[PDB]
Amino acid sequence: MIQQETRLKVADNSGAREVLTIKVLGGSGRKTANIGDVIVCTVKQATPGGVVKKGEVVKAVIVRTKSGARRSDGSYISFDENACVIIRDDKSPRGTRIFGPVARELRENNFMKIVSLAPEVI
Amino acid sequence: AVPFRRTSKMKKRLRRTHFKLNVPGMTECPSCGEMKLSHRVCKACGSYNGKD
Amino acid sequence: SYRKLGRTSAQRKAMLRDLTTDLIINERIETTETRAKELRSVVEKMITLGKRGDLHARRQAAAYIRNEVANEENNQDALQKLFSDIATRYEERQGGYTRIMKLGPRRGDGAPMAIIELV
Amino acid sequence: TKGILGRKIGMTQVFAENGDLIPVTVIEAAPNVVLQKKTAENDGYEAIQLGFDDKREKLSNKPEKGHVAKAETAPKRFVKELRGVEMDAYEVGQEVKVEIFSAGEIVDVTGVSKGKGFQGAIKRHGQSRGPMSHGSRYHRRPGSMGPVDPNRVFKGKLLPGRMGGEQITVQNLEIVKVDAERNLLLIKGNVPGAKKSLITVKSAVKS
Amino acid sequence: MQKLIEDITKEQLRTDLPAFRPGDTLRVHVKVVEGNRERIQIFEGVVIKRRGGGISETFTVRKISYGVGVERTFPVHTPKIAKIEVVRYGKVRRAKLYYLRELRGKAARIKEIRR
RNA sequence: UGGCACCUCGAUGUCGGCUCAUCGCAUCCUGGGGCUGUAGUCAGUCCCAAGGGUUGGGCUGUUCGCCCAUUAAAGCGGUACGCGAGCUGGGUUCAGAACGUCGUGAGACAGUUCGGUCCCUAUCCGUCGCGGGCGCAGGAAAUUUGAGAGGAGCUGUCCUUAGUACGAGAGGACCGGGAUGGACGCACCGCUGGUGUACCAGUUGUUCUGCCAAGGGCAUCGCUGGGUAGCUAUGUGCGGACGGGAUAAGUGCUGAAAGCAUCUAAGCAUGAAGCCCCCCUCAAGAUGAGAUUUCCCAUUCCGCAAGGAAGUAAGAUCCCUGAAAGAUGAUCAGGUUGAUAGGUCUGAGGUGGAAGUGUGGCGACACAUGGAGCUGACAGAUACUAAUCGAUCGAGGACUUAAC
Ligand SMILES: [K+]
Ligand SMILES: [K+]
Ligand SMILES: [Mg+2]
Ligand SMILES: [Mg+2]
Ligand SMILES: [Mg+2]
Ligand SMILES: [Mg+2]
Ligand SMILES: [Mg+2]
Ligand SMILES: [Mg+2]
Ligand SMILES: [Mg+2]
Ligand SMILES: [Mg+2]
Ligand SMILES: [Mg+2]
Ligand SMILES: [Mg+2]
Ligand SMILES: [Mg+2]
Ligand SMILES: [Mg+2]
Ligand SMILES: [Mg+2]
Ligand SMILES: [Mg+2]
Ligand SMILES: [Mg+2]
Ligand SMILES: [Zn+2]
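Protein chains in written order, with the authors' numbering: chain K, 1 to 122; chain 0, 2 to 53; chain N, 2 to 120; chain D, 2 to 208; chain P, 1 to 115.
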């Protein structure tokens, strides 16, 4: 459950280390984002010499959450952290490598580049 | 909040209608003949379900 | 659910343990009707322990029964009486060891009083 | 329109053939009996009166026994009517069984919601609290009763009061399974009421 | 528990699953279906929780994947699990191993207890 | 913004915010249209339309405004610039102090700054819930009709139609199908979680059960890890769907008055998220007190009658065991040919391997006996305990006419 002021780890090499959630997209009063949802965020921590720089307003997709996601078959998946990937509008990641496992839910939302790049898609 | 007008004797009496007691739920004790409360042991003779 | 009897958890447990030992010693006490109704289940479960008779059951009962003299002549405690007299009395009775009999309301606070005794 | 009376037994879950885990409510409906057919001519409207759950003789009174005499059945604890039914397809004394429904059928379920007793505006009407800190002394209160001009409160200003225990219909539930041997309906999702409460399952009115 | 609900759900309970407790390490062969084709994906981790009864019983397995711990919760009797292997029987002292959530590395080890 | 000074100075509390809304339409979005310097996509302007909806932050006491990020949209006003016996008290105008400035001065603002007590147990109406009484031409038990009232009413994106109509290109539809969300509402606890102070376990200090072992008290439930029922959202299921009738703006058909023309005068259509229904809930005190099924049956007294009194019928209550119900009444499940609650027995779920004993170890401790022991509310069974005996209430059915 990602909301405004939630800080996320970045699971790629775009240059951002930590982002702060500015806004959850996709409906007027929408309070919370979950895995697979796109958020607007600011880069709070950046890697020196990265493509993305501290203080930039970027779009990201949430790839891991502590709350996790329930599946139709009645199973659940949770992670120990909330992580996102900086993206463009076409849903390609702005980085080139994805770190850590990502949820199967990204395939449903057509984040296929991210899924292919992930070291594990659970 | 304080009473804006005094209560009339009629309004006072109308309120107190339901401020009432009921007759107790009595039943004669078949052993000693004193009246007890239904389902209670008889205080007078100490009988219950025909036993003292 | 269960009753709170206007007391905190610790006070309520203390009162129920007191009443249980009081009822074991005297075999009949008068109390408030609601206290009697709660006592029923507590005491009967203690009597079940007595019927079991084994050391494990006894220690469970020892943790609950107050350390009070049930019979001064024999120097018999409440716990010894529970296992040696109560249990022997109800060896062939499956449950229902106590009965509640209602008295009138108590003067002073109108409390409905009751007799609770071993059957 | 089809319908049947039953008791709410509880909830569980069932795996679908495609692997999905579907939560279901178990409704137990011993065969209902048609006690009376009301007609437009005699009564002014068409309806079928279903009796459910045979009551002990001792608990039944003489007026009840006479009413169910024509149907030749034991007195029933629950009697309800169904309107919109095919009158000619029903006869007094006919037993209505769960097998009128089939798996996959869409139904509406009526029941009485669980009682909650006296509840405040927050719980009863989902209103917002005031601040809990910053000096606030307004936490679970129902809000201003209205403007000054009318010199009175408008009807429908929501306030504390008894909550729950109202008749409530859930629409468009799916029948998951019909256990004719045990007279059970498995309905997807949940329905109003406590366990053992009377439930009515009708063919969906929006179908 | 109501006896009726146990009877209704009895058919759908699975009988081939091995006995395991919190603390044991399992390989869960999960039948992943992407539509027409299905591929068995193995999830290996520690059983940290096993709650509920009957058809509604669920269990949670935890593993560290690429530095990030992942927990998956399954219905025990789900048909979506092809097979469960008990790789290792762990010695624990409680039913819910929630403390493992805060631990990593050597602190997160579970002593083995040859069954 | 003013003008007036009519009400209030034996008191009508202020700006902003919070909670709760309600109304108007001069319509911000959604719906339907006319005109266009409307190719398409977009727009401009005007008409109809108030059903629903109409964001979260940075700065500031702020209203406002600028900015950041969204949204279909971020509408304008009234309600004592709605709402302080509902809250807040940051701004402003009590007493302190200080700066700038003015004054000979006490002090003051043509300016700032730091600090500064928000009282009231609801009598009446009103509002939200719950009962008692009587009535409804006999007395009862159920099931109901619906005059009437309330609720709900929102909308995005994507796929398809179709890269089609349109256009030189750029770009890019109407209408019609289909999927999936946001906000909102209803219900429910099977799932994910929260809580769970009479559940299980670990553990510290001290005191107690004579001591060991095993336990009790107190330390926020001593603390810590879990957790049953119940209650719950952030969890789950479902809803605003299909449509009918009459209309608004608009579009018309036939058609004169007025040989033509004309949507109109007679006549006949079409046409909105709006109106009346459809959908959900309450509803016969609807005193106009309705309808259907079933049950009881014409008693005994007096009085010339009218009428009164007394036992009862069907039925219900008092009282009692309770919870699926509940502030209390009420409601519902039961009251001995009874499973209503407790207990007992068997389980579920929960905890997680009891005590005793044995073995291994110098010892802390480990292991076996043994998924053990323990277990509030959950399930089934079982009259073992309590639902005793009793008491109270409750009909005999007016007159007129009409038809039988
Ligand atoms: K001077
Ligand atoms: K739950
Ligand atoms: Mg204490
Ligand atoms: Mg406070
Ligand atoms: Mg007025
Ligand atoms: Mg378990
Ligand atoms: Mg004048
Ligand atoms: Mg005055
Ligand atoms: Mg005044
Ligand atoms: Mg207008
Ligand atoms: Mg004002
Ligand atoms: Mg006021
Ligand atoms: Mg102030
Ligand atoms: Mg008044
Ligand atoms: Mg449960
Ligand atoms: Mg010791
Ligand atoms: Mg002390
Ligand atoms: Zn007596």
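In short, the hints are calculated from the structure, not lab data.
Hints are supplied without guarantee of correctness; some may be wrong.
Derived BS3-like pairs: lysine-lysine, alpha-carbon spacing no greater than 30 Å straight-line [unchecked claim]: (1) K66 (chain K) to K49 (chain P); (2) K113 (chain K) to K31 (chain P); (3) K31 (chain K) to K178 (chain D); (4) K178 (chain D) to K63 (chain P); (5) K9 (chain K) to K83 (chain P); (6) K38 (chain N) to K115 (chain D).
Here's how the hints hold up against the structure:
Distance hint between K66 (chain K) and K49 (chain P) is fulfilled; the C-alpha atoms sit about 17 Å from each other, no more than 30 Å. Taken as a hint, the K113 (chain K) and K31 (chain P) pair is honoured in the structure, with Cα atoms around 24 Å apart against an allowance of 30 Å. Among the hinted pairs, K31 (chain K) with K178 (chain D) is inconsistent with the structure: their alpha-carbon atoms are about 38 Å apart, more than 30 Å. Using a Cα cut-off of 30 Å, the hinted pair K178 (chain D) and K63 (chain P) is violated, with the two alpha carbons roughly 38 Å apart.
Between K9 (chain K) and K83 (chain P), the direct Cα distance comes to roughly 35 Å. Violation of the 30 Å bound is thereby established for this hinted pair. Between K38 (chain N) and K115 (chain D), the direct Cα distance comes to roughly 28 Å. Compliance with the 30 Å bound is thereby established for this hinted pair.
The structure fails hints 3, 4 and 5 (numbered hints given earlier, in ascending order).
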